[PDB]
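Model the full structure from these sequences, guided by the hints.
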Amino acid sequence: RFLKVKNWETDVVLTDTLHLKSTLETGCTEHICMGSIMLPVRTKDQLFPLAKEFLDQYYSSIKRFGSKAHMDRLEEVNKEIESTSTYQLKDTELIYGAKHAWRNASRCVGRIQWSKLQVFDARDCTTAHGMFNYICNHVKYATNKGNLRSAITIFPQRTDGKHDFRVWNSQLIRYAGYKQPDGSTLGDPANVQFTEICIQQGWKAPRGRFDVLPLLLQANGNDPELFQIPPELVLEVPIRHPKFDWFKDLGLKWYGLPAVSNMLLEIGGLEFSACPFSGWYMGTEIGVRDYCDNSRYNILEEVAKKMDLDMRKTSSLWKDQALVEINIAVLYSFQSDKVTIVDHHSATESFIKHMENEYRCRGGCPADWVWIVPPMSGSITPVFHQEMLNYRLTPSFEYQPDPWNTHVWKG
Amino acid sequence: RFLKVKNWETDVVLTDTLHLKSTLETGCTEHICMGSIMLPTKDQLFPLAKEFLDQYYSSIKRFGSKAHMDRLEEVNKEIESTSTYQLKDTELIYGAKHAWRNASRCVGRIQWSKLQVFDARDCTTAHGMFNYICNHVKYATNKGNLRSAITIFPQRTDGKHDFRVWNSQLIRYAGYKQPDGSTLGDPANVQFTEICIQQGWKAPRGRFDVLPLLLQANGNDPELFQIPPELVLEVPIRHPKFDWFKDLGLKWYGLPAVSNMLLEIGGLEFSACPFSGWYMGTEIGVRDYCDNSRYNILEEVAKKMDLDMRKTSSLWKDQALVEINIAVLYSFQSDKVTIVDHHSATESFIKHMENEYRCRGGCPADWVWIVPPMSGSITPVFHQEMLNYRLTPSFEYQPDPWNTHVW
Ligand code: HEM
Ligand code: HEM
Ligand SMILES: CN(C)Cc1cccc(NCc2ccc3ccc(N)nc3c2)c1
Ligand SMILES: CN(C)Cc1cccc(NCc2ccc3ccc(N)nc3c2)c1
Ligand SMILES: C[C@H](O)[C@H](O)[C@H]1CNc2nc(N)[nH]c(=O)c2N1
Ligand SMILES: C[C@H](O)[C@H](O)[C@H]1CNc2nc(N)[nH]c(=O)c2N1
Ligand SMILES: [Zn+2]
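Chains as they are written, first to last, in the numbering used here: chain U, 19 to 429; chain C, 850 to 1256.
Don't take every hint at face value.
With a Cα cut of at most 20 Å, we get these calculated DMTMM-like pairs of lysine to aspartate or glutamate [as the list claims (entries may be wrong)]:
| hint | chain 1 | residue 1 | chain 2 | residue 2 |
| --- | --- | --- | --- | --- |
| 1 | U | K62 | U | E98 |
| 2 | C | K853 | U | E43 |
| 3 | U | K266 | U | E319 |
| 4 | U | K197 | C | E858 |
| 5 | C | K1026 | U | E27 |
Away from chain U, derived, C-beta distances all over 12 Å, residues of chain C [to be verified]:
| hint | residue |
| --- | --- |
| 6 | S914 |
| 7 | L964 |
| 8 | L1097 |
| 9 | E1172 |
Some chain C residues near chain U, calculated using beta-carbon distances under 7 Å [to be verified]:
| hint | residue |
| --- | --- |
| 10 | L867 |
| 11 | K870 |
| 12 | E929 |
| 13 | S932 |
| 14 | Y934 |
| 15 | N1174 |
Hints are computed from structural coordinates only; laboratory data are not their basis. All C-beta atoms in this analysis are idealised placements derived from N, C-alpha and C, irrespective of residue type, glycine included.
Right under this line is the structure:
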C-alpha cells in the first residue's frame, strides 16, 4: 500500500510506505481523531518477537540480514530470554536503538540531527550517587562551554518493575516554583509540585525566581536521593533585548541546556526508565512557552507595559507584539553569549528537508503536525503547509507516569 | 467509550459522548493519524432521512410523536415513490444551522443558531441564481454590520442537473500570470481567473479586480455575471502608526462568503449553498497577505520598517506579520465593518465548547484548523484537547466543476 502527503505551498507530493512497519496504536479510529490529545513487568511471552523485530531492523541497517552473525545473535537472545526472562543489548545495538528512538519521535522538529547523538552507556550504574556522577558528566559534555552537543545517558533497564532507575526531575536543569500563601507563584509555576517534593525530601530552597532545582535520583527501586548539580556546570544566559535597554531590568535568564529526563526509552522490548537526553533549544520553547504561557512565567503584561502598547483592546495585538520582542530577546541573548540555539524558521526549514530525505531514503517520516508547528507565527513556517502522517515506530521514547505517583516508599 | 478532553491551561476536563453518534469516517485508523491531511439510491436514502428526522423531532421535544411517526411515514412514502424527497422549510433551516454547528474546523460556531437561511429551492436559471446571490450579499453585508447567511439552491437529483457556484467564494480578487514570470493579484485564483476569461470575461488585468460570478443552473453551461460594486464592501488597509502603509495599495473585501461546498441534510445533497459570516483578522493578514503562495508581501513590509532582514533569527517576518494584522483589524474597525481578532474568537470558541459539552455532550473540533495561524499558544485553544469526528448534517468538500462538467 501507499499513502501520499502533499505540501500545499510547493505542491511537492511524497509517498509513505514506512507506515506499514508500524505496529503500535495511535489512539485514533475510523470514527474519531485523537490527534490533539496530549497523552492518548513484561513477560517472556511477548518479549522475543519484540527482540526479534528489533534485531531484524538492526541487522538490515548494517547490511547483515540473514547472516550467521544475525542468526547467532537471535539464538543467543532467545536462550537468554527463556533462561533469564530478559536480555542484554550489545553496545552497538544500544547506540542504534537510542538514535532510532530519536529518529522515530514524531513530535520532534529537531530530527535532522538524529544520527549525531552521543550515547553514554550507564548500564553498570547501581546507586543514586553513581547516577549523579553520570548525569554531571552528561551535562558537562553536552554543554561544551555553550557549543551544545546532543547526548543521552542510559541507565539500567527495568527488570521486575520493582527496581526501576528513575530521574524524578522532568528535565535535568529547571527552575523551582513556589506557591505563596497569597496565591501568587514565585519562580516557575510549572515546577511547583516537584519543588514541594524536593523541599520535603530535605532540599533547602533559596526561594528565588530562578533557583536551579536539585537532582532527585532513584536507583534500583530505592528511595530517591537529593543532589545539587555543581553550579559551574549549569550554563545560564541573562536575557536582554538588542534595542530595548529596559528588558535586562526584568531580571530574566534561562538555562542553556534542555535535557529531558522523565521519558522511557523502549528498545527491542527492553524498557529504559531512566534515559536523560539533551539537544539545544528552539527559541520559542523559552520565548513563547516558558515566558508567555499564562500558566508559566507569564511576563507578557509587564513586557507590554514597558513597550507602552495599547493594552486595553486585545485587537491591538499587544500580546502578539510583546510575544515577538521577547522571542527576539531570547535569540539575541543566546547568540550574543555563543550558546547554541535555533530560531523557529531555521528549525522548521531544516525539518522539511529532513522529512523529504526520510521519505526517499526510508519510505516515510512519522510526524505530529500538532507538535511540529511552532507556537507562534505558524503559517509563515513551511511545516504549517506540510501534510504529515503520524504513526508509531520502535525503538521509541514513551511517556511514563511521574514516579512519585507509583513509588513504593521504603523510608 | 466515553472520552474526556483536558484543557492544560485550566485543568478543565470535559466528557464527550456526542462522538458516539458519529456516522462518517475520519481518515484515521489505529495505526495512522491523518489529522493534518487537508482532505482524507433508494436504499441508502431512507435511513439517512430517518436519522435526520429523528434528531430533528428530538430537538423540538416531539420524539415519539404522531407528527414524528407521520413525517417518517410520509418521507418514507415519498422516497419509495419519487426516489428522493423534499425537506420542510423547518427541517431545511434546522439542517443548515446544524451543518454549521457540526463544522469541526470552524472557530466561529458560537454563532451557529443565528444563521439566516434563504430558501432558493425554487431557482431555475443562472440569472435567478445571480438575483438570489445579490440579495444574499446585500443582506449579509448590511452596510458593514455583517449578518451570517446561507442561500440554498435546488438539491442534486441525478448528478446531471447540478446547481454549482464555480467561484470558491462569492467575492475574491483576480490573479493573472505575467510573462514577467511572477503573478499579478491573487495566485490562488489564477486558474479561476483564467476560466472566467476562457468563458468570456473581460479582465481589467488589475490586481484587486473583484472576480465575476460563474453560475451553473440545472447542469447547464455556467454564465458570467458582475456583482454590483455598490454591493461589494471593501476596506482600504492602513496602519494606525505607519503612514507609509497606505501606499502599499492594499485593500480587502468585508464579506467572506464560501461558495463551493456541498451541504448534506438527511441524505440530500445541496451542491450550491453559498454561505457567509465575517472574517477573523488572521485570515486576511496572516494567510491572504503573508502566505508565500498568495500576496506574499512580508518582504516589502519588512523593508519599509527597515528591519534586519539579513538573518531569520531577527524575527523580522514575525514583527511585520504582527503589524500587518494590527492594521487589518484597525482598518475594519475604523470603517465599522464586522471583524474578530484571533484572541476574541478563540476565547469565544472555548466558551462555545463548554456550552456544547454541557447542552449536547460534546463538540467535534479540528485543532489543526481551530488554532490560529499566528500566536497559537497565547490563544486558549492551543492548550485545549479536541476530539475530531464527522456529524451530519454537514458541509463537505466537492470536486471543482470544470474537472467534471459534461459540457
Ligand atoms: C538537538 C536539537 C533539538 C531540538 C531543536 C529539538 C526540538 C524539539 C521541540 C521544539 C520539541 C517540542 C517540545 C515542546 O515544544 O514542548 C521536541 C520534542 C521531542 N524531542 Fe526533540 N529536539 C532536539 C533534540 C532531541 C534529542 C537529542 C532527542 C532524543 C535523543 C529528542 C527527542 C524528542 C522527543 C521524544 C520529543 C517528544 C516529547 C514529547 O512527546 O513530549 N529531541 N523536540
Ligand atoms: C460568523 C463568523 C465566522 C467566523 C469568524 C468563522 C471562522 C472560520 C475560520 C477562521 C475557519 C478556518 C478557515 C481558514 O482558515 O481558511 C473556518 C472554517 C469553516 N467554517 Fe466558519 N466562520 C464563521 C462563519 C461560518 C458560517 C456562517 C458557516 C456556515 C454556515 C461556516 C462554516 C465553516 C466551514 C464548513 C469551515 C471548514 C471549511 C473547510 O473545511 O475548508 N463558518 N471558519
Ligand atoms: C514532559 N516530559 C517529556 C519532559 C518535558 C518537560 C518540559 C518540556 C518538554 N518538552 C518535550 C521535549 C522533549 C525533548 C526535547 C529535546 C530538545 C528540545 N529543545 N526540546 C525538547 C522538548 C518535556
Ligand atoms: C475550498 N473550499 C474549502 C472553500 C473555501 C474557499 C476559500 C476559503 C475557505 N476557507 C474555509 C472557510 C469556510 C467558511 C468560513 C466562514 C467564515 C470565515 N471567516 N472563514 C471561513 C473559511 C474555504
Ligand atoms: C498541511 C495543513 O493541513 C494545512 O496547511 C492546513 C493547516 N491548518 C489550516 N488551518 C486553517 N484554519 N486553514 C487552513 O487552510 C489550514 N491549512
Ligand atoms: C491540547 C494540545 O494537544 C497541547 O496544548 C499541545 C499542542 N501542541 C504542542 N506543541 C508543542 N511543541 N508543545 C506542546 O506542549 C504542545 N501542547
Ligand atoms: Zn487521527
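For each hint, the structure was consulted:
1. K62/U <-> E98/U: holds, 10 Å
2. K853/C <-> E43/U: Within the cut-off at roughly 18 Å; holds.
3. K266/U <-> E319/U: holds, 16 Å
4. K197/U <-> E858/C: holds, 17 Å
5. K1026/C <-> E27/U: Answer holds: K1026/C to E27/U is near 17 Å, not above 20 Å.
6. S914: holds, 30 Å
7. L964: Label holds. Min Cβ-Cβ 24 Å, cutoff 12 Å.
8. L1097: Non-interface label stands for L1097/C: nearest chain U Cβ at 18 Å, farther than 12 Å.
9. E1172: violated, 8 Å
10. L867: Violated. Min distance 11 Å.
11. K870: It is violated, given that the least Cβ distance between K870/C and chain U is near 10 Å, above 7 Å.
12. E929: violated, 30 Å
13. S932: violated, 29 Å
14. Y934: violated, 27 Å
15. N1174: holds, 6 Å
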